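Enquirer: One letter stands for each residue in the lines below.
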Amino acid sequence: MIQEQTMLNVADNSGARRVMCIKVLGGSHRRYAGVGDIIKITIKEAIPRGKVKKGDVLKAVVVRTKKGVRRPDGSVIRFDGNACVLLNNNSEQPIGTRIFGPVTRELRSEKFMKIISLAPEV
Amino acid sequence: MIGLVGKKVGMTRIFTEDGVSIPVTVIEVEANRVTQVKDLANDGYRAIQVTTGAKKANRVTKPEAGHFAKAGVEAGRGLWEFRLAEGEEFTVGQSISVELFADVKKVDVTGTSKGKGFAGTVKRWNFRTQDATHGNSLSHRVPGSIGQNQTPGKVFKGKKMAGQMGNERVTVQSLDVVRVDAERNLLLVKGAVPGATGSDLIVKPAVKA
Amino acid sequence: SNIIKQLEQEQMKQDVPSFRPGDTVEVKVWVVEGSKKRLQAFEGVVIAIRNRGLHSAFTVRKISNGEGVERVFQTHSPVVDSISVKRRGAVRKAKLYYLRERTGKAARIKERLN
Amino acid sequence: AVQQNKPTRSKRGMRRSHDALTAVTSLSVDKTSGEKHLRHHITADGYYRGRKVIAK
Amino acid sequence: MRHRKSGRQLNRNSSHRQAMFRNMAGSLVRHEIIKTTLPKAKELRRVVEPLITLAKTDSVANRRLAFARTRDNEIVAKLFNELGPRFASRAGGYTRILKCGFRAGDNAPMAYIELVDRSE
RNA sequence: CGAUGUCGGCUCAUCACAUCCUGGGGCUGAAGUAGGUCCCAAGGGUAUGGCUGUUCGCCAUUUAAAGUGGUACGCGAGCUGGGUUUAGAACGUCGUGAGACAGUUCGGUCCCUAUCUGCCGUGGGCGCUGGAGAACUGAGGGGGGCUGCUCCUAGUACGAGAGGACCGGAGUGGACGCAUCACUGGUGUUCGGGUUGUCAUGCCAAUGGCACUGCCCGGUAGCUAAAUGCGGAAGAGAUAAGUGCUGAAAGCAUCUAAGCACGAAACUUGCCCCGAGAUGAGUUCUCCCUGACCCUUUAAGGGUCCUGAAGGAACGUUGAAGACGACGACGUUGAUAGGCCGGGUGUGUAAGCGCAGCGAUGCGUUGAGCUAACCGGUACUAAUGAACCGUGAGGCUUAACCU
RNA sequence: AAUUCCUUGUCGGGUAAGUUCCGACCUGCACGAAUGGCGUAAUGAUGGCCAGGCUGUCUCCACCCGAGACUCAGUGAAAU
RNA sequence: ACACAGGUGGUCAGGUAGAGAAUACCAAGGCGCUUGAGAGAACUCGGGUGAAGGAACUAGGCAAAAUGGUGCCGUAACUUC
RNA sequence: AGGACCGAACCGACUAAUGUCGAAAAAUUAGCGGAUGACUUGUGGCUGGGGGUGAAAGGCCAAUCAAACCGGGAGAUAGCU
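Residue numbers (full-length UniProt numbering), protein chains in the order written: chain G, 1 to 122; chain Y, 1 to 209; chain A, 2 to 115; chain H, 2 to 57; chain Z, 1 to 120.
FYI, nobody ran anything at the bench for these hints, they're computed from the structure. Where is the CB? At the ideal position from N, CA and C, for every residue including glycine.
Label-pair ranges, simulated between beta-carbon atoms:
| # | chain 1 | residue 1 | chain 2 | residue 2 | range |
| --- | --- | --- | --- | --- | --- |
| 1 | A | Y98 | G | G50 | 32 to 42 Å |
| 2 | A | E27 | Y | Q94 | 52 to 62 Å |
| 3 | A | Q10 | Y | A54 | 23 to 33 Å |
| 4 | Z | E120 | H | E36 | 17 to 27 Å |
| 5 | G | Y32 | Y | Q94 | 45 to 55 Å |
| 6 | Y | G163 | Z | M20 | 34 to 44 Å |
| 7 | G | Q93 | A | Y98 | 34 to 44 Å |
| 8 | Y | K106 | A | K96 | 32 to 42 Å |
| 9 | Y | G10 | G | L25 | 35 to 45 Å |
Go ahead and model the full structure; you've got the sequences and the hints to work with.
Expert: This is the structure:
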């Protein structure tokens with residue numbers, strides 16, 4: 001579970017070192033994001049020869065959260081660092097194509113099916 | 001349809017083989033014996049009065065024991081009410097057990113919650129909470145304004161001030177009945193059921209299909 | 002109780018191994034992708050075990066590809082296929098929650114070798 | 002945060018008309034001494050249920 | 001809310017809760033009866049009684065577990081040899097409670113706690 | 001003007017339709033998808049920010065939607081004092097000056113123990129006409145009514161094409177609520193271990209007191225959330241705006257004057273808690289009691305003797321009950337509490353000893369010792385035997401039916 | 001500008017976005033060289049702003065240790 | 001005005017940890033506040049905690065929280081040096 | 001050496017809360033500054049009301065200061081309560 005203003009990191013290699021969450025999609029006053037949620041971000045730190053820079057309003061999808069995903073049996077999956085992966089503003093189908101760090105199984109639906117192609121694990 | 005009564009004996013988990021962990025609830029359904037059947041010609045409406053459990057000798061009184069005496073049934077611990085659904089028929093003394101609920105899929109469980117006590121408005125009605133260190137003084141948790149200025153000149157009836165939270169009677173709905181076990185007399189129904197580990201419950205079939 | 006406990010022992014599986022905290026177990030979990038009913042495993046460090054019989058579970062921390070996922074498993078559930086210790090560690094604390102705060106060399110334990 | 006018209010005497014004791022007290026109404030006696038003492042206490046001289054337990 | 005919590009708070013901080021019961025159970029053994037309030041002496045029982053089960057089970061070690069508790073060298077010597085095989089016989093409950101009236105000052109309903117003893 | 005505290009930010013809301021969204025319908029320059037305006041409709045929902053002294057305003061990004069207006073331009077005997085609106089000070093300016101400014105900058109006490117309405121609750125008296133019991137009906141009065149998004153129907157219908165559907169089904173999310181701890185967590189100055197400096201018990205060892213629990217890492221019961229089950233109808237009645245059929249009056253044309261029909265989140269039902277002090281105080285199955293005796297203004301009478309029922313209460317150990325009471329459980333014709341035993345769980349290798357080693361300390365006995373509340377047994381002590389309050393067949397009038 | 005009506009003035013950096021702000025254009029409503037002008041590192045219990053560290057101030061609070069709040073008894077006001 | 005958390009100037013000034021008289025605990029030497037006893041709710045007051053987050057709160061990082069010591073290594077634009 | 005530096009006694013009073021029928025006719029508990037000095041303080045004198053003092057607020061002169069406090073003109077004057 002991650003809500004606004006959070007200095008999240010980014011798991012693929014687009015340019016994004018540390019991004020920040022500002023407007024959590026999908027809900028009319030939804031405060032909370034997670035296991036497959038779509039949040040809206042911008043980059044605060046890039047590499048020099050990245051696709052992106054600091055200062056571009058972008059749309060992402062969470063995978064890691066430091067609170068963890070609830071499995072249907074009662075297993076919890078805690079990481080030690082949040083991550084979301086950058087996409088297009090509207091043609092989502094992500095920018096970056098090599099991801100560091102694993103993911104969890106709860107995306108798995110027809111839109112993010114690249115992420116099991118770029119999964120390193122799970 | 002008629003409902004039935006027994007205690008509530010805690011919570012556990014029931015594990016399906018695929019890996020779902022249903023957080024389950026146990027309800028111990030005794031013999032539920034019918035004590036008096038009421039009817040339209042003598043009461044204007046028809047229902048039944050049920051009686052359950054075992055109670056000692058030297059506690060039930062002769063105004064109580066007399067209405068037990070007319071059936072030939074034993075000293076139960078209380079007298080509840082269940083309305084007949086105008087089809088099903090019963091007799092005085094007849095026990096009706098947990099295998100009644102064999103073909104139900106959902107039940108409406110109702111009972112008395114815990115007594116949370118004389119609880120604050122932050123706790124009771126979920127008023128949102130103000131500041132606590134900005135220079136604020138002596139209004140850290142209390143509700144605030146309770147009404148408009150001069151022209152109402154009173155308070156409306158029912159404006160959500162603190163009350164002794166809990167212990168009324170709280171009805172939960174659409175509870176998936178999980179398992180109907182007849183031998184150990186234990187009834188298993190999905191979810192979170194009001195009551196303590198031992199209180200009184202009323203479980204009845206769902207009107208909301 | 003005795004009433005509800007009698008329900009608890011008729012799905013509780015019979016022989017699990019003993020792990021302490023500080024061991025390096027392998028816990029292979031069941032997982033379903035579409036039609037296939039397959040096996041996936043975990044190679045980490047057990048750092049806490051909470052005993053309540055049917056309600057027991059344990060926290061096994063592996064350092065995966067850049068970060069240390071910390072995953073739990075409810076011990077009597079049908080999701081867990083197998084339990085096998087790789088190496089045993091001589092810890093003193095019973096629920097090591099401070100091994101999220103060490104990485105690399107300091108997060109090694111020892112061997113028990115009792 | 003003060004009164005505005007004087008309460009009477011008739012509104013006064015009707016707050017006091019629950020302020021009565023209830024003394025004892027039971028006062029059991031001893032098995033040996035037959036002395037008045039409080040129910041489930043001991044006597045002035047020290048008995049309880051036919052037992053001298055003050056050790057005086 | 002107090003739902004199935006144990007203990008009496010007895011307005012006193014938590015050092016003063018146990019470390020008073022340090023001394024009253026340190027006084028309950030010497031002359032074996034006292035006079036004190038009802039809601040203290042109803043709480044003195046549950047602390048002076050685990051000094052007894054230790055005292056019917058004698059060793060070097062559990063002598064010191066009743067020295068890590070009540071902290072009187074004469075009481076633990078009065079334990080284990082004067083009390084010990086005096087109540088080593090039967091199952092538990094080594095106290096009598098017979099309530100004993102009211103204070104002259106402030107209606108603090110005093111009670112007697114005494115050991116099940118003194119047939120003299 | 002012998003006081004009515006003033007913009008604004010919380011918190012708390014509540015009312016009106018001139019409706020921002022949801023629902024119904026008409027019309028179109030309504031092909032479809034989107035729209036536009038006119039009505040019907042107040043049941044519910046009704047952004048976070050950057051900025052600003054903020055309502056006011058802009059942009060960003062959400063949203064099914066971020067409606068508008070009333071309540072001293074709502075709310076200080078509820079809070080904050082940033083705004084102007086005390087005196088200190090300054091820039092500019094106007095005036096010789098003392099000094100003033102819809103001209104800006106800096107700093108500058110917000111008090112009050114609730115008598116009375118009112119409100120969430122909560123107990124006592126006593127009434128309901130003999131008394132008590134336990135259980136209910138239901139007059140009546142609240143709650144609760146939110147809303148996308150994908151898929152199939154069908155890439156269809158309408159369209160050259162791009163595009164792209166209504167009523168209908170399914171599942172998953174958002175927001176508020178209702179519980180519930182079984183898991184995921186937090187809490188656990190009573191717990192088990194570590195440990196800093198110090199003090200004592202004669203000293204080593206071992207322990208305990210003090211230091212914001214001394215500072216620490218974990219932690220049961222419960223208390224609870226972010227944790228997880230449920231909640232908003234489906235169905236019915238009578239009506240809106242409309243849509244009508246068969247027809248009149250006005251031989252024909254007309255949704256209406258007679259009359260018959262659908263038709264909305266609104267209006268009564270449906271579901272849920274309160275509820276016979278519903279003084280119109282009600283039904284229901286019942287349990288308890290049927291001695292003597294003067295007076296009389298013979299009044300629904302007082303009086304004295306003898307008794308004092310079922311039961312309530314009183315005191316008692318107490319309770320997931322609790323502010324004090326109330327309400328629940330039990331009261332030796334005994335499991336109501338504290339205990340003790342079995343265990344669960346927690347913290348994890350007591351103490352002592354033996355040996356290794358110059359030692360700090362390591363290994364064996366030892367996954368030991370210890371454990372607050374929790375779970376299952378046993379009377380070990382403590383929940384006296386009585387007295388107390390309450391009663392002796394229950395006013396009169398009037399038929400139906402019985403002597 | 002601590003000097004500014006139009007005024008949130010017009011550009012640029014900062015922010016996703018800036019009536020605050022930092023460097024300037026010059027047309028100062030109404031600066032100005034001892035009712036001192038400009039720059040100035042130290043210095044301030046200074047004014048505005050800003051990232052990091054940081055934490056319950058907040059999103060949305062929940063347990064807990066205690067002194068009163070509450071019950072029983074003793075003494076006992078107050079404005080009004 | 002009071003047996004009042006408010007002020008009054010010199011002197012003596014012990015042990016062990018510590019730079020020190022501050023602090024932490026004790027010798028000696030004095031005291032326990034002149035209402036107690038229960039209860040274990042909202043509720044202020046003085047606080048210990050804390051899941052994911054990190055100023056989104058707010059007029060304002062005021063308040064909480066954070067850091068913190070004696071040594072060696074090592075440190076800038078500017079500058080009156 | 002030094003109106004150096006950090007910091008207790010002592011000095012004071014920048015922030016926050018308690019209080020504001022207060023423990024007190026503006027202090028108390030945590031934090032904030034000078035702390036070898038343009039400092040701080042005890043006893044003892046001098047300055048007296050259009051007068052004093054004053055690193056200047058119109059601040060202060062016995063809990064009261066844009067003109068002290070007690071007495072006396074005096075029962076001032078009161079187009080007004």
